[PDB]
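Coming up is one lone chain in C-alpha cells, specifically the form solved without the partner chain.
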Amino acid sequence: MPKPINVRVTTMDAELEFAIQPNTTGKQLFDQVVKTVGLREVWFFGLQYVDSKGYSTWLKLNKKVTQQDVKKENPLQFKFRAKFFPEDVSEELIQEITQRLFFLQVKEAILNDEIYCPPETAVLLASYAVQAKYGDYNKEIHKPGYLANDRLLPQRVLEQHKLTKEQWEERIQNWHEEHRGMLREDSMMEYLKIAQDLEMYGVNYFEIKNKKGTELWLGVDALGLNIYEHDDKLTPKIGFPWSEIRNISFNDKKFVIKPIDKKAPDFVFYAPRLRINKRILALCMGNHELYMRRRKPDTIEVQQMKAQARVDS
C-alpha cells in the first residue's frame, strides 16, 4: 500500500477532500466526486486544475491523475466546473443540483464581467439572485440595507452608473418584491433562462489573427464556431454551424475550418500558441459531441430522470 495522495476538489458551493491512490485515473476521481454530490448529468462538467507553468487545464479522465502536470502541492487543487453549456436550460438541466451549480457558475461569470450584461438585465438578474438567497421579501425580515453585504451587480455597471448602494438596493428590492411567493429552484432557473439568452453566454473566446494579421475573436460554442471583430465580441461577423462543417484542423499555429459545401472557401486563422490551438479543438469535439447527443433519442438513463422531476414539483 503506497503513500496516499490528497486532493481538494471544490464545486461552486462545496469543498471535498479525499486521498487517492497513485494510479487513480481522472475518470475514477471524477466519479467519486460526482457520486459524493449526487450529480448525474455529468456530461457538462470536468475537473479544472493548474499545471506547473500555471496554465489552467482540464483534467483528462483517461489518464492517471498523477501523470498530468498537475501543479504539485498538498492537497492538489481542482475546480469542479461546467465545461459545456446546454442549448436550452429548461430542457437539459433536470436535477436541481445540476441547476444550482450552473446557476452559481453563470452568476459568477455575470458578476465577474465575463458575460457582458446591460444594466437593466443585471438588476433583473440580481432580483432573481436575492429571491433565491433570501426567499420571499418581508418588510420585517429585510429592513433597509439587507442587500449591503451582497455582491449583486457586475462591476462594469457599477462603474457605468454611480448610484449608491442604497440607490441600487431600491431598484433590486422593488423587483425582489415582485417575486413574492416564488420558489428557490424556480428563481435560479428563472435566472438562467434570462442569462442563456445573452450574447456571450456559453461562448469560449480566443484571440486570433487571420491571414493578414488582423486581430480577431474565435467563439467556440454549443452550436458551432464564430469569428468576431476585436471591438465587438457580441455579434459575430462569420458564423459556422456544426451543420455546415466538413472538419476542423490545425498545424503549429495555422488553424483551418473546411466547409461541407466545396463552394464556400476555407476559413483560416492563426492562434498564439500550440497549447491554445489544442484547447480550441478540444472544445469543438466536446461541444459537437453534445450537439449530436441531444439530437439523439433520450438514452434509457436520461429517460426517467425527467419523470422523477415531474414528481418533485
The other form holds:
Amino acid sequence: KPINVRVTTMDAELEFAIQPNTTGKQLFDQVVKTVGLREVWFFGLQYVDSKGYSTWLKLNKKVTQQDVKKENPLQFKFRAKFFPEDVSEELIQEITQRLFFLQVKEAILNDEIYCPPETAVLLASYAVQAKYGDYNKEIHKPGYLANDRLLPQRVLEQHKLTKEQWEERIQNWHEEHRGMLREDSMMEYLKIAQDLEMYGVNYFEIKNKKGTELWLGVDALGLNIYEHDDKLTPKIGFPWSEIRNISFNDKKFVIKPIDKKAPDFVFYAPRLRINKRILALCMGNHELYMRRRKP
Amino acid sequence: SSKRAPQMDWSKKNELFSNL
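Return one more block: the form deposited with the partner chain bound, after the form solved without the partner chain shown previously.
Next comes the full complex, this chain leading.
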C-alpha cells in the first residue's frame, strides 16, 4: 500500500500501482485492458524472484505472495507463453500480430530459435519492410541499415561476408517487397518463422533410465524427444491426442496414454522449479489443442 | 512433410527412448 509496478510489452512500458491483495489475474487483466488485446490465452507475465530465476506469474494468486524481487518498481514482462498452431488462422488482431512478431524476431536474433542464413536474410528483409516501408533510392542510400540489428550472431560468424555485404543482401530483398504493408510484412515474417524446427518449442534437460542426457520438447502439437546435440530433429513424438495424463513426483515424469492397453512413458527431470513449468506448459498446450478441435 | 517425429506405437516409443 501502494506498490509501484512496471509491466513491459515488446514495444511499450506500462506503469501501474497495486495493493497487497492484488491478484496475478488483476494485474494481467489491467495490462490486457490497457493494450486492448483480446487473444489473452497465449500470454502471461514474467518476473524475477529473489533467487534470480525467471518465473511465470500465477494468476489465481496474490502478487505479493509469489516472492517477486523486491525493488521500486516491481518488474514484469508481458510475453507469449503459448504459440498458435498457425499464425494466419489464430492471430486475428494486429496488436497480437505485432507482439508475436516482435517476440519471435528477438528470439531469432538472440540465437534462441535456430535460423539458417538465407532464411535469416529473408526474415530480416521483412523486418526492414515493416520498419522502413517501401524501398526508396533517395532516402535509403547505401549504409542505411548500419544501425539495425538484422541477423542472428550465428550467421554473422560462419561466413566470410562483411557486415556491409550482408546489408546489401538484405537491401536486395527489401527492394522486392515494394507495396507490402506493415501488418502483412509482419505476418509474412511469422509464416516463415513458424516453420522453423525450433519455433514454439520449450526445451528442457531430460534423462532416460540409462541416465542418458536428452532434450524434452513441449509445443502446440505435443511432446518430442531430441538427442542432446540436435534440437532440430525430433526422435520420438507424443501428440496431444495420444495423451491421457501428465504428472511428476520429485524427479520423475509419468505420461499415461489414451490407449490404456499401452505402457506408461516415463522420464527424469532434475529441478522442481523447472518441473512445475514443464507441467504447466503441458496442461496449457493440451487445453488449447482441444479447444481448436471443439469450438 | 514438416519436421515431425517418426511414426510408431507407445511400446516402440519406450524401446527407442530407453537406449538412445
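Positions refer to the first chain, counted from 1. Whichever C-alpha set is largest while still superposing within 1.5 Å between the two forms counts as the rigid core.
### Task
Indicate whether residue 262 shows a C-alpha shift of 2 Å or more between these two forms, with the rigid core used for the fit.
True for residue 262: a C-alpha shift of 2 Å or more.
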